[PDB]
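Here we start with a single chain on its own, the form deposited without the partner chain, put down as structure tokens.
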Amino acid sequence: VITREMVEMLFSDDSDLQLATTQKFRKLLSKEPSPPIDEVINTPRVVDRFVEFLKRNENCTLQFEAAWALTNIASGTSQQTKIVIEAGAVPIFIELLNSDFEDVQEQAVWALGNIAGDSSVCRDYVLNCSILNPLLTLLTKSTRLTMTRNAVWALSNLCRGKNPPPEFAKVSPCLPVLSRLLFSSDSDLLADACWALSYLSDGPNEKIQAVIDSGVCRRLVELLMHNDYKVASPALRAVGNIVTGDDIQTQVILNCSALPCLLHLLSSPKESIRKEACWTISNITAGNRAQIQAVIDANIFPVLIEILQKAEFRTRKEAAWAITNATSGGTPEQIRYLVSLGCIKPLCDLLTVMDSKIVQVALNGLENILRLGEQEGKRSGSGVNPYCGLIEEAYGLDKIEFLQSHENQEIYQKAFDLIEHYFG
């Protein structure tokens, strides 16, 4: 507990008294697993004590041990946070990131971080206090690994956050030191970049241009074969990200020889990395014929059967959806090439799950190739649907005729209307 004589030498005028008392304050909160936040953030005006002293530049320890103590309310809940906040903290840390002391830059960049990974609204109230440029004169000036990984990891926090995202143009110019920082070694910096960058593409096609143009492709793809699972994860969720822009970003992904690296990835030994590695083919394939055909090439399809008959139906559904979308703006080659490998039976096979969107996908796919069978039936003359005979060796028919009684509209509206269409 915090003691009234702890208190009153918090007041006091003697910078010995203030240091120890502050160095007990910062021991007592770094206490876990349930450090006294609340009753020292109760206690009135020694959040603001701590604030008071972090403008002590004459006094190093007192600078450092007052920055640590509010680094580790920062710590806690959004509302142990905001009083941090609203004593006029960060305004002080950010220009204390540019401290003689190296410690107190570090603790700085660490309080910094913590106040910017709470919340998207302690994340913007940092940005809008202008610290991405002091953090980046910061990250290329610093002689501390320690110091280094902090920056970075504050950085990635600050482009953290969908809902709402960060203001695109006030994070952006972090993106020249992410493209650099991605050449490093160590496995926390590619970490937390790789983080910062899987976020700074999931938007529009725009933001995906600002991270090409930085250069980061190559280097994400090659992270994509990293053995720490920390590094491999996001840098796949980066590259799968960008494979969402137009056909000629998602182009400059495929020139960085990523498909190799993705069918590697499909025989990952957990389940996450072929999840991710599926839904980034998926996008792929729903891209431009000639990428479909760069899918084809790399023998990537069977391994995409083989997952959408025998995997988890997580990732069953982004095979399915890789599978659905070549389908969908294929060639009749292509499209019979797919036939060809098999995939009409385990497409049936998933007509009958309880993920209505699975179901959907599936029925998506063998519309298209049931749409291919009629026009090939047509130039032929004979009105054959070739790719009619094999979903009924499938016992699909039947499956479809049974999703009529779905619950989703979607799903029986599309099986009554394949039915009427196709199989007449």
Given for the second form:
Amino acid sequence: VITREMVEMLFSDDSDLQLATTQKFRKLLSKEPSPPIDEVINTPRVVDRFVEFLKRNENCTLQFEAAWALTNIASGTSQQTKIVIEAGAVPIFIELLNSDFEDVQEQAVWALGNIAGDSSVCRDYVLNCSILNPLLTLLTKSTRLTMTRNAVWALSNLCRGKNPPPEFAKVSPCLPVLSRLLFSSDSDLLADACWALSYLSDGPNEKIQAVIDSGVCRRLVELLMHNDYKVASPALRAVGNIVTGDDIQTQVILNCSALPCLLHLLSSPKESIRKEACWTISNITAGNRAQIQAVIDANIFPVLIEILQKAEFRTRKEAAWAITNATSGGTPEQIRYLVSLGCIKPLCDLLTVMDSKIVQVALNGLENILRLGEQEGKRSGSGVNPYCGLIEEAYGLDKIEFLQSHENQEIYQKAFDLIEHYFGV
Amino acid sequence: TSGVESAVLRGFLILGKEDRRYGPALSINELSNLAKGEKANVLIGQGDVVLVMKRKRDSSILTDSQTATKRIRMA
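The form deposited with the partner chain bound is what I want next, because the block you gave corresponds to the form deposited without the partner chain; please supply it.
Now the complete complex, all chains and molecules, led by this one.
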């Protein structure tokens, strides 16, 4: 715990006693396993005294020890970070980003990273204190690998969050810096840079265009094939978010030859990679007919159909979307091709899952196939739906009829209408 | 429905009939403004209203990068 002389020395008037005391407090908070954060902040005036030492530009070591002490306090719970912010440390920490001492700079970054990473409230506050310009300056002027890592990680904390997301105008200027950082070889650097890009590309297509405008797509696609999962996984997330954009934006990713990478990642030994590869492809097959065709030419669908019937369920869900989206936007020849790969059977098998959302997705893909079958039956006067028989063979009709016992009204109403429209006696 | 309505609705999944839990219906020209992952009713054809969502899905239903938002400096 604390001592009385610690308190009395901390408020002395000589730098010798101050620096020694702050170092004692720093050592206490820099100790495992359970740091005495409360005891330090509960002790009156202490937090304010640490903050006051950040202004001591004449004493480099005092600033360093002070920043470190506050850093470990801001690493705790939300209330513990509240005390540091309300002590007024944030605007001072931002000034210390342009400290002439590198050891003071880096610890300022770390502190601000911890503060911003507390909540969306703290994040927006840090951004409102204009951290971005000094931080990006520090990042581009850095000469140490440990400094850049901390800066990027802090930057990624400024981007993280969706409830609410940060004001895009206050975070988007970091995109050119982030773009250049993708060319580094450091795994830790690439990882946080790709996470920051995935945060920024997570939303409306305006935000996605800004990400694209910085020219990160080509590099992001190459990083899909990185041997470190700490890099490939966020890189896939960023690419996956970008192809949630419109047809034009999605095409950028495709012209970077992403599909052969995505095909390869469908066979990944890591479970989360296959799922997000499927998720990414599902957002591409939700595109136009040229893009669906691009997925066909990349020989992706035979694998998706294998996944649809045999993979881990949370991976099957995304493959279902991929097949279903393809049946809604595709040409008759494209849908005819999916049917020839045997997509009806594993679609029908999903009609009985307990995830009511995937049931609707399955129902949609089947209805799409059925509607095209009906249109096909009119463009040749046969009046016969060629896919009704295949669905019957796959016990789809029985399963659709069984859905009339499903509690979900949307599913019930849907199954009811399909039977009435395509399977009337 | 019209060619325009059909083309637009290709980017959407029709979840079912009008559900007023999600409020008054959007028009077809407003529908593109719908946030990814959200649901809305939309006016189509001759006064019909259906509930929809974008087929373009955000990364919401996925895993986390929770490690690490905060880092303490030790040793």
